[PDB]
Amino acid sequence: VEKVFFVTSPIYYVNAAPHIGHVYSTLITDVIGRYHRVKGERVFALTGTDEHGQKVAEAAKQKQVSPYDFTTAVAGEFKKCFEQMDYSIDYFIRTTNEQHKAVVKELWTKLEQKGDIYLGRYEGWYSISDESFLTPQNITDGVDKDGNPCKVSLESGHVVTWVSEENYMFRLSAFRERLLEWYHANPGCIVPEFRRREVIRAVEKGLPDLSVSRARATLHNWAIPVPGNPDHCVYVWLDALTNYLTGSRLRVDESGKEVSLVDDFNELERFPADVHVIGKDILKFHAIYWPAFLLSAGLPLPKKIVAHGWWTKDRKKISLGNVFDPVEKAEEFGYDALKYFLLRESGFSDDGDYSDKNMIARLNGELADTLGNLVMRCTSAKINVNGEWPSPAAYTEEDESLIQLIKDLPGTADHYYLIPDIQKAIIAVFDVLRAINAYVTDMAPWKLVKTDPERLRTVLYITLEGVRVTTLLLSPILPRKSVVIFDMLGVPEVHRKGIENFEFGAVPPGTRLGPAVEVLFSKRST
């Protein structure tokens, strides 16, 4: 299937201001999207805001403003944040959008017609902060804003409350076997692997039916009405998850505004998602509820769900006196640099840790000393006297060993990007960058200028090509810096994307370097 590559971030609750968690998830989404665009594919990358529900409406009430005003303002803050972070997301969806609501109603009605929605009761615990139903085994004792003895979620630590309401119920229990079939037939559909195992374990134990409506009073009437029953509202999570289906169906203009909802998702060739990027905290909603809904509706399932960890700063919980502002740190250290760090410092299996110390260490060691150094050396007037890509002479075995690494890199990085495992992709590229540096050091091209100009041609060419290829594969990570690098190397635009240009030798000898003006990454004081 030649289709539009469709990658999503979660849609974020607007109870609070954008923070590192949201920036991180959307970064991952952005990177995946960028890699598929550099690969030459059609791409649609989606992010946005989750605007209905009890949680949001209570947040509005606390700020003493209407839910409508509150959500529009906070959505505005999210949009500004993502603009500032220099992402390349194709559309920003809001669940208050009228087209989204129409899709929610269609999906609901499809589920109901299928016989998978019935009128029942939920009597049990509920975390308003996670909009999550919990069993008694997932709660325990704790404290609230006052410090009174309450119940809290084992998962999140947020206060839970007992709910007893007549609710539309979705027959989730009936989907156990089909979900297990899906997990097992598609053993790469959840990443990383240990999270896939967690999901399978949970579904094996059995599934209860799921409340998909709430009484309108409970949600302060801030939600989508149930079709044919105005006394009930659609569960915020059914509403929310449906964003991916809505997004897959919106025609978007040049300015990024939604102009049309298509009837059939196939018309835009996006659904279902190739990658849903999420935090570990919402895995059950995406790997269990979502596919069950899609199975009921007869809709295709997503290819991959990738679930990441949470950040800490200085080994401590990120208000409490430990702020981590990504815009602030990007202004201090550089946007590409901070992005690189977030993506390199930890894998999707880990809870990453930020500190200025280790940020500087990676900036200086990897970006400046390994990458930047190499870029300056091969473009330097001292070494590259003609300011061009030279024509190589005959290759030694040592030359061939480096060339082989450069040739193998795209295939290796490609597999990692598709997992997806961006950390391993970065590490693979930097392994090759370190080898190129070692080669340059062994060959001492600065001496060759006077001693053996023929040999220098060969060394310089291989080095330039290694820098081009590594930089191409790093361009989704360092989108702005990659352009600077290509400009220094004089790589024509046509050669900055497309799988054809993953091949060693794509830029011909005689190509002129860009003019000199200057540092790529400036090292910071320890």
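Rigid core (definition): largest C-alpha set, two forms, superposition within 1.5 Å. Residues that one form lacks are left out of the comparison. Residue numbers count along the first chain shown, from 1. Compared with the form deposited in another entry:
Fit the rigid core and compare the CA positions between these two forms: of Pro445, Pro420, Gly352, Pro302, just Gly352 moves by 2 angstroms or more.
Annotation: Cα of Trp311 displaced by at least 2 Å between these two forms, core superposition. 310-316, 348-353 are the runs of three or more consecutive shared residues whose C-alphas all shift by 2 Å or more between these two forms after the rigid core is superposed.
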Contents of the next structure:
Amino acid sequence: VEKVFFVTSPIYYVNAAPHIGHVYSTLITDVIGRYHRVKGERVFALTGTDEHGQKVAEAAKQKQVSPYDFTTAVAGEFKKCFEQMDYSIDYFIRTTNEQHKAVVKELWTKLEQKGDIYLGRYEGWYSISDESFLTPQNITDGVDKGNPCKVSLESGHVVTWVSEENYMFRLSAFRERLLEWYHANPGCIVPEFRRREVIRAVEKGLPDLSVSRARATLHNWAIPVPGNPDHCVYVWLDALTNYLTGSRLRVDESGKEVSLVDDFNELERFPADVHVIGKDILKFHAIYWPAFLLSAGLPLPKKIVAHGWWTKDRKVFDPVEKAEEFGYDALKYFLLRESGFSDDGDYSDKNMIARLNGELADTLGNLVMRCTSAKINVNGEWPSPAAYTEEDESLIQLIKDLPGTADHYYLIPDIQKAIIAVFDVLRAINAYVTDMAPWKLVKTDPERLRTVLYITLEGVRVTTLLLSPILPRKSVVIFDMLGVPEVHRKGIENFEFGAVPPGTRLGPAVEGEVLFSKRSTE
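Alt. form deposited in another entry, vs. the form deposited in one PDB entry above:
A single chain, with no partners or molecules, comes next.
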């Protein structure tokens, strides 16, 4: 099936201004999207805001502002933040959007009509801040901001008791089918240890899920249950549905939603190929969402990838401050290189300088300038290579192999491993150049310099191609410099070694340009 490659971020609670971590979550989505476009696929990257609910209403109340004006305000800050971050996101969805509301009601009725919703009670614990139901096994003693109280073991936020007559979803009726799913498709959750988590959790057992709430308790800031106005639809069913809505909106060039199609198939987007989420919101995506879709008879997503950060809680680092100080591409690169799947990373100013200088400036930067220098490349062109020594071939072989391995990494997706894979190959090219001493060759042996300079150029191109989803602005400056024609800057075709042919002319130089400039160690 050729289809639109559909990738998502989570949609974020608008309770507080956007910080790092939304930025991280959405950057991953952006990168995954960007890569598939570099492959020449159709993409649809979605992101947005989660605007309804108790959490969000009570933040609006605590600021003495109306929910309508509050959400709109904060949503605008999220849009400004993401514009400023220079993502290539295809659409920004809001759950207040009337077309979304329409899809939630539509979905609820599917779920209702299958007989997977019934009127019951939920008498148990709830984290308003997580908008999560919790069994007593996942609460414990702690402090309110300072009295003694019970808190979520998930997040350490304050939980409270809840005894409401609610509409209930038959999640228990879906235990075995989730379990078949998980096993049948072992790629479906990334990273592997969270897949194991999700299975152990569901093995142990699933109770039914309370998919409505008394309207009094939600401050009437939510979507009403179809055919029962005394209730509102659980904020997470509302939130998760953003993906299905997203998959059905027609969007103009300006980024404005213009139409909601009846059948998701019409746009060939649903289901999501990859859902980017933080580890704090796994259950909702890996248990609830599949159960809802299986009820509605909808297709399940292909991949849920849950990165190592929290999606929401501010537990100092301002992206825009750091982006101005170090660079937008540098910051994105640093965040992506440093953060693994279980997050044990160093985000100190010292480390950011070490990597910017070490990797981007010394390994990539230097190398780009060597092969384009007037000193070495005296014709500002791609020379035609002579015969290859077994060293020459050793590196060519690395450069040939890099797209295959970088691709697989991107498809996991483990963007960090992908970056390493490339930079390994960059460090090889430096090593190569150190040996050959191209500076010495331009006098000694011009015939050899051709072979050397050609391989350098083509490695630096192919590495920069595979780096392009991470360093989107700089890859354009690298290609401009190497004089790579615009057609050769994307497509699986141009992952092949030698796509840009000899006798191509390098880009014009500038009197004081440097690609990445070192920052003092202080």
